[PDB]
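For reference, the chain that follows is the form deposited without the ligand, supplied as structure tokens.
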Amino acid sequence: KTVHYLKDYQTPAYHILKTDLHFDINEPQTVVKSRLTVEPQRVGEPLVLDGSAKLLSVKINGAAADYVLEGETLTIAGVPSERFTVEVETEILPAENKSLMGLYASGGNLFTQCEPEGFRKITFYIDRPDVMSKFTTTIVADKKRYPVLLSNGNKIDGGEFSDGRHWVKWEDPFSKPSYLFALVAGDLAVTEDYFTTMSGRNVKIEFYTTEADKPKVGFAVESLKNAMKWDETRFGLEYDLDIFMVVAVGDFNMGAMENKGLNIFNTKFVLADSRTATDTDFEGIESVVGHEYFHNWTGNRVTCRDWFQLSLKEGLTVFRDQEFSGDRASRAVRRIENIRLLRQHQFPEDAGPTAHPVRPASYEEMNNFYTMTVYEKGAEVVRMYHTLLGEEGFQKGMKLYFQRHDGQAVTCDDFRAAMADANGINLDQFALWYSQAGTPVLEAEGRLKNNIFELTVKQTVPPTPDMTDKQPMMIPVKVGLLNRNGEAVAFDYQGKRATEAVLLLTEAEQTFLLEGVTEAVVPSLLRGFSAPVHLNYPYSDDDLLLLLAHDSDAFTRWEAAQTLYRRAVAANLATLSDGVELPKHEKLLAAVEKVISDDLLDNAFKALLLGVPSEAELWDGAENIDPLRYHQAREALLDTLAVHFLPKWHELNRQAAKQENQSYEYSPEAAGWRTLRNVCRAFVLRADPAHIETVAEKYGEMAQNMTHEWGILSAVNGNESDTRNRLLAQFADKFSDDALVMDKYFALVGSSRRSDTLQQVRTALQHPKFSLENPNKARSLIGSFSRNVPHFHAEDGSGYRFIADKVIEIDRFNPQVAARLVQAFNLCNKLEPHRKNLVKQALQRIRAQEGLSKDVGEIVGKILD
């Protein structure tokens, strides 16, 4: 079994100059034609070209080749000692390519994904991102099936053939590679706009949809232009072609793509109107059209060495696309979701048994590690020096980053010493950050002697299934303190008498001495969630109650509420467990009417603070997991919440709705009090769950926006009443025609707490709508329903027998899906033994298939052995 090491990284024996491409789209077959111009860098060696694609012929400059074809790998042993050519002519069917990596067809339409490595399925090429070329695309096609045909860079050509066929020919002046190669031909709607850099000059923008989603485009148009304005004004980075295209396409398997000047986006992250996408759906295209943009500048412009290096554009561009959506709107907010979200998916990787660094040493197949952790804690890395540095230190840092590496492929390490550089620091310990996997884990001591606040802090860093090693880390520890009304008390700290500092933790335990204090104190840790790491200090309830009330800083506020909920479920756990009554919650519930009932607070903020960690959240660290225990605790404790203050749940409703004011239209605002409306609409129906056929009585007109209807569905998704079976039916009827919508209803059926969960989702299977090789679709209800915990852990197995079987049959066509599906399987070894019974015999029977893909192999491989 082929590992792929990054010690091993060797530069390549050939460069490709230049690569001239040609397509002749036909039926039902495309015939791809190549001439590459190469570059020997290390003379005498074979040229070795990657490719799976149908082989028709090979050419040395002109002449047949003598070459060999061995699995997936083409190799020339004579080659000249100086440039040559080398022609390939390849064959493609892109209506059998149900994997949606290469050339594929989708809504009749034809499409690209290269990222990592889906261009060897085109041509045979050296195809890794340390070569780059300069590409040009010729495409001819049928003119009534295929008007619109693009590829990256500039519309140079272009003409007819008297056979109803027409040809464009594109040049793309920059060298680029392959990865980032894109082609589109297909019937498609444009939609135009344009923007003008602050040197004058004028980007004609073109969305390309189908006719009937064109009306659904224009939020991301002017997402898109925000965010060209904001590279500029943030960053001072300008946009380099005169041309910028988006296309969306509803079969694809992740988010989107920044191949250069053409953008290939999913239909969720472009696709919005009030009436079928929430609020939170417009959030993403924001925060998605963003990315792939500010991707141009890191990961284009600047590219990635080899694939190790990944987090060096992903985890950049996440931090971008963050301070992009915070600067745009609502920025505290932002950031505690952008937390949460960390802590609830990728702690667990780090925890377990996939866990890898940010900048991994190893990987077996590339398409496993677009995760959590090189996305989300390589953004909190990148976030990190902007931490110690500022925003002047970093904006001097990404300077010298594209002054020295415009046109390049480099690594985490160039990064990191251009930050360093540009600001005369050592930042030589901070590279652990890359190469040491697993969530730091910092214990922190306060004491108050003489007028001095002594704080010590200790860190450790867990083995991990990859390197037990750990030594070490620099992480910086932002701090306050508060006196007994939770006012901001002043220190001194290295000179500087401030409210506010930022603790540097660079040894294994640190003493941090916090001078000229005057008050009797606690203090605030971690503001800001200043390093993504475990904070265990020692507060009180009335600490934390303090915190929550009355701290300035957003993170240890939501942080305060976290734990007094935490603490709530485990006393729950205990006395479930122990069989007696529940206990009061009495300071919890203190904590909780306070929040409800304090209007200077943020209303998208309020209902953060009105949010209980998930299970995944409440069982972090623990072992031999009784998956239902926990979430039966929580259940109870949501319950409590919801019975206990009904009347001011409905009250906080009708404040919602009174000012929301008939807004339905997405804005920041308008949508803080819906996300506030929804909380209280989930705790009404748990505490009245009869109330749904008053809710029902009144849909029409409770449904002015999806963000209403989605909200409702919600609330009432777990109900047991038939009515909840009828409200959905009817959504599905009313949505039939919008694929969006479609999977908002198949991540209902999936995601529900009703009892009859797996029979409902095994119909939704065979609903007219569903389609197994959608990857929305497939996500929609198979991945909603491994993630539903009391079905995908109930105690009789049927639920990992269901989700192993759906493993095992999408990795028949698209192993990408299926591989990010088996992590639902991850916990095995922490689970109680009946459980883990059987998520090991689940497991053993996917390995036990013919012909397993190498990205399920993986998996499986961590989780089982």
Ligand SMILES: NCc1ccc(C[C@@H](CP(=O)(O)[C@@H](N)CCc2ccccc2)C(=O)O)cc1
Given for the second form:
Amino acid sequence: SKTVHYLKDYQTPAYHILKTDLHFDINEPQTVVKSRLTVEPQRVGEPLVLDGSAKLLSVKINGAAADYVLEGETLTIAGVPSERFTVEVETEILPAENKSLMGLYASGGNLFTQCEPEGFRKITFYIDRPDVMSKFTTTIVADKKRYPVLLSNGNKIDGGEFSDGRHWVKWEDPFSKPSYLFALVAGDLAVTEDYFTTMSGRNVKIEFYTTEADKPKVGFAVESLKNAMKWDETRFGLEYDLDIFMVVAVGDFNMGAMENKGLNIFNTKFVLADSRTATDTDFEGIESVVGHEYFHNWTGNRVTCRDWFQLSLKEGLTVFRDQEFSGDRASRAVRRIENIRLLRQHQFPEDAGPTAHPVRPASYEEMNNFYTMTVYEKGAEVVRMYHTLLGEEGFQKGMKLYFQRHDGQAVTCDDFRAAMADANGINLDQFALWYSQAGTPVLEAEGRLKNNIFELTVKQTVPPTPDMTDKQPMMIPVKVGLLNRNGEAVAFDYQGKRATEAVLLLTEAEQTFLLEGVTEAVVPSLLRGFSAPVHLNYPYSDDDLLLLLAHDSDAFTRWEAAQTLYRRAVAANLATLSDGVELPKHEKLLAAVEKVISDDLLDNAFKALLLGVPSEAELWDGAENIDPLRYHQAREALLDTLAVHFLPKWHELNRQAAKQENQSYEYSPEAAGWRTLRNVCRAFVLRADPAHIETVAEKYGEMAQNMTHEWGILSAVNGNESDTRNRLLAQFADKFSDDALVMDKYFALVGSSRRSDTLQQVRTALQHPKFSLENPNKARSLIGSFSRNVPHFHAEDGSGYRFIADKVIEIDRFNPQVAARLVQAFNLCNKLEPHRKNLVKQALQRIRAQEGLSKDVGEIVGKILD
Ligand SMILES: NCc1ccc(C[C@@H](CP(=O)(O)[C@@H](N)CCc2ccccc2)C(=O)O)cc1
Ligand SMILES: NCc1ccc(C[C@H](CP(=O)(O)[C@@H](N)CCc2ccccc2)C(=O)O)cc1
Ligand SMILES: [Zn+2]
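Swap state to the form solved in complex with the ligand from the form deposited without the ligand:
Below is the entire complex, every chain and molecule, led by the chain shown above.
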């Protein structure tokens, strides 16, 4: 009987912890942790149960050796006082042996922590659940020369020196917090200092800690933080609440970053950049993630989660906030489409697959398996629907009441929903289903103009998922407009208002919406701004789609029209390839693309999106008995056709873009848009004319004016069977051998190549001196990329499956989190054609047969196999 955790079983804790006093004595190799916990009975007389997995040296209750039992990862004391009492725990840790990167661990000769969700119990024995909030004071003692920088949450209130070369510090964090927000750093790190003055007039000292060599790359992150601090004030009315804000970069880290109170810890990938070594996308990522972690100070820290089932309470909302921040900075419509594309490419397959779950899960075995596209990105779409239904002003009324009610509390998704409802005086009961029902809703829509009424009928359905069969009608906002035969906006009457746009609120299984006062023939524009996270089916002709693409006023619906045209073209390719005949002409598609190419009024980055073809996973959505190589072949044929058909115009557009970039090689949204278009053109050019690689190689130094250009060119040639591709990659690795984030790029190119020899190049790269399997960035770059490399992962001989299964098994021995993400490469199992399905099931059974397989990987494998 494995342990499953159920949301229905939630009970308030028997004990609170009012004060948490910690002492870290850092030595070589061991660190000894001492605690003093001030414990307050809630249900008097129950046993005290503490979570913990660190080596236990001693435990006391009010200063006397406790009578306790340690079983598994729980410490229990039966005899506890009926009033306030203390518990003192002594544990010992070997951080350099901690390759899980959870708890207290070594990286680069320094010490770091990661406690979310349940890592604090790897440091000491504790009531390690987020509804237990305590006031932390942390003392740290270490060798001064080896560990001159000693940090923990909050305010530094004392410190000093010892005559043996050791020194110490004491940090007090005055805001009661759950254990998952604890952090400690001890190291030889360089500091970059700055400050921000809050709107109430208080300076906040900003400190970024990096390696000495990395310091010159942290400046954009600092600027981004100051931008995020100002934005939370101007957009949400939220001010920071300490006079110190620390950010620490670490090269070994499971995820992107972590919002520990006043002491955020970041993957280097999301804090370090310069134009020589980071792409524009990398800069955008730093801006997004620095914003994200700062926004958590209110949405996550000041108001936290009652239990881990409520994770989206903080993550969906903080993602919405980071999206809005980025959109307010620049390029809102393009960035919105990027977010939608990410959701459909990665979250929609999750909701269609064996690991599908609601935004608020009802159960889990291992909580680290639920830091998902669903909880984050669908979670953010759910928050955004409040904004769509209520408007910005109403949304901010909800936010204000949320903090009024729940500042200092650990609360639920329901509480956020109630604040939105109550602040605006409306009923959002049906909205709750966005949290409890998994799966992507499918809307079927039909339209007719009768009299002068456009009647839009819309049906909704939500498929069963493995957790739940019954799915009731949901509250689904559908933003619409109407175009006449010349693509002009057409007004209409709805709920006693004449406008060119309206939000139709679908709440029943099937409804008809009457758009009245329509005096011209129309084609509707539907789901504007991607107004709900759904699949929408409407009968559009190719000519309707061309109209929408050419003339609609909404970015998403224009882009979705192009996407539909590409999808239909791939489907036509599939049919001809299957019937063994000539490829289709795609005459209408090609006319549409020529128009996009030649339109000088189109925003550059938007034009780039209109020229992107949906991924293989998008293309086989909803299919059974999938042969991934047949979809790959149909998609590649389309790209080949686009590349060759328009080769001169790809060169021409590249030149236009280069001229407009105007040698402005530093990061800016404007220059970046031109580079994005430039890199689309390069990809098409080198597909049509692979020999152009020698021309690029001859002038490489001249083209390599920043990393966006180097990455764009290497990406464009990465599938080229020329030896020059291999030489350019080798030269790249040599040039940048000292920059670990650039080496990640090298390994991603190795892993992602559609060349025939990628598996053996990947196996050589495993032994590259700069590769480390125990580093998540490296493992994700090489092995993760390979697992997403459709022709290689899904090779008919099963070599891709065997390779990835081998690496899941190996990585799980030291980092179950990385292994459990990797093993989801197999999630398509039950939808594959029989030969591959058989091989994937063999691979999964072999993983399952491993002695000592983690709960993390076992939970995923069980969902796929069983
Ligand atoms: N309601 C329970 C609670 C609330 C707030 C706290 C927080 C503590 C924080 P603190 O003592 O370090 C205060 N001096 C910081 C003021 C400031 C703000 C912004 C910029 C610069 C300086 C408090 O402000 O008292 C602690 C507990
Ligand atoms: N624009 C979308 C977006 C999504 C997420 C982010 C940031 C996100 C980090 P996060 O703030 O959610 C953090 N609470 C994850 C916990 C964790 C950390 C390490 C190990 C286990 C658990 C990331 O990982 O990047 C930032 C932006
Ligand atoms: Zn987050």
